[PDB]
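Only one chain is shown below, in structure tokens, and it's the form deposited in one PDB entry.
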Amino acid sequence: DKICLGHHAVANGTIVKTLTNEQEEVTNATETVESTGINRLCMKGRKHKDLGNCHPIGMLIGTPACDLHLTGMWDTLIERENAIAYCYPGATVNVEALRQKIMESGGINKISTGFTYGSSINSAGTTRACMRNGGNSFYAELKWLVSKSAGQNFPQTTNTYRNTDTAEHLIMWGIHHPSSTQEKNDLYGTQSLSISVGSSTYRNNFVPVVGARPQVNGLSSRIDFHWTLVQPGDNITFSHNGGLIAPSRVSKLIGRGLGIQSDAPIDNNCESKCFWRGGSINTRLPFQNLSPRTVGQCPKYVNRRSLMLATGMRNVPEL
């Protein structure tokens, strides 16, 4: 006459590691490291903007590729590989700081500078490198100022933008670096070129540099871009006599949003809070091994394929 105590066991158990044993067999275990993820951008519940082949910088200066993205509001901004910033060859000083500001914003408004130019200035310069409707054009938010009468000295000019708003504005301008002395003389004259820019909080001077260089989009000239923030109630004055690519609108970055750099296609039917280059990560698990580079609210990246957490007792099957 007897009664016995016992625990269960299972035919096929699973291995986990403990403090004393890397090969401990247990009745059940569950994953703690997410390994799968979704190869799409889960955008459900987000007011997103897919920039397509438009680069964030292009939004501020008005590259043709960004014509549908000159203003808007969003909580999520999506940047794609090989997006276009510059139709005319050139580069932006302090570019990664500017791209990160845009990629943090929740929108852009544009505000006219109201700049006007005297009769001896042709303000409608265009180029075959920036095309609209298959014809020569220019950056939408900027104006290529040249001497109306070719070869003549570009007049000494002043233009002031006034920020009457209650938030900071972002103003961008370019400097033209011609390909040859002859080109320089024809566009702006034989005088020495000097562009100075000043606000209450910013001061800088630029000199167009004539230089041989290789052709990009068929052109050896360059337009380099510069930018600064203009505080509420402050003014910024451009003093220039040739070589300024002048702003016709300034931008205002509005609120906050999440910036994502990914080539994954967008999925409007699933939602997510964590993104990487290859898509989204949707998991309750505290760790993931998908990528070290993520944005949003993410599981912590770990250097392991698998970490099993025991969810049962030691497995002791019958001999």
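Only residues modelled in both forms are compared. Each form is matched to the other, and the largest set of C-alpha atoms that superpose within 1.5 Å is called the rigid core. Numbering follows the first chain given and starts at 1. Compared with the form deposited in another entry:
- In a rigid core superposition between the two forms, 218 is the single residue of 232, 114, 218, 118 whose Cα is displaced by 2 Å or more.
- Relative to the superposed core, just one shifted segment between the two forms, defined as three or more consecutive residues with every Cα moved by 2 Å or more, spans 212-220.
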Second form
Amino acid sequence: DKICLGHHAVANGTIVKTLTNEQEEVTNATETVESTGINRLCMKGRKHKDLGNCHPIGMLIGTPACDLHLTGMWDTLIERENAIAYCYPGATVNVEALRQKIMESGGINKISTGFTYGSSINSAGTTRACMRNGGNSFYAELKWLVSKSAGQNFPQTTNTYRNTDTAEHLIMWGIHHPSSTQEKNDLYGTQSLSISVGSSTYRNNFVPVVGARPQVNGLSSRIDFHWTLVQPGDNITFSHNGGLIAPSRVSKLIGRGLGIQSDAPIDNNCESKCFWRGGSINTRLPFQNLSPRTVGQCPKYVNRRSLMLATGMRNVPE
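One more: the block was the form deposited in one PDB entry; return the form deposited in another entry.
Single chain only below; no partners, no other molecules.
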């Protein structure tokens, strides 16, 4: 006559780790490390812009491939891998800080600069390198100023952008470095060239660096870009002599957005808060081993395939 106490067990237990013991068998366990991701950019509930083959830099200066991305509002901005910033050769000074400001924004507006040029300047120049609708063109947001009368000295010119708004504006310009002394003289005259840019807080000077001899060597025609922020109430003045690629518009970065670099297709039916190069991570687990490079609200990356949390007692089979 007898009453016996005991506990359950299962035919197949799971192995977990404790302070005192690896290989400790328990009745049940769940995974604390998310190892599987969604290979798509879940954009439900997000006002987003996919930039396609348009690089964020391209947005501000108006490269043909960004003509549909010159303005917008968004809470999310998506950058793709081989996007185009430039149609004419050259590069942007301080490029990564500018790209991050753009990728941090919630949108862009454009404001016209109001710049006009005297009779002795041709401002409507274009180039075979920058094709738009099958025609020679140029950056939408800029003007290639040259001497209307070739070989002649570019006139000492003055231009002033005034920010009459209540937020900082981002103005970009370019400096043209000619491919030879022959090219430079024809566009801008024999005179020494100086391009001066001055605000209340920013000052700088630019001198076109003149290339040599063949076009296929390293010193050939390029337009390099510079930028700065213009504060509300402040003016910025360009004093130039030939070589300035002048802004016909400046940009205004608006609010905050989340910046995503990824080549994953946009899926509008799923919602997510964490992204990486490879797509999205949606999970309640506190750790992930998908990527050390994530943006948004994410589980912390860990160097482990599996970390099992016991959800049952020691499993003691008969």
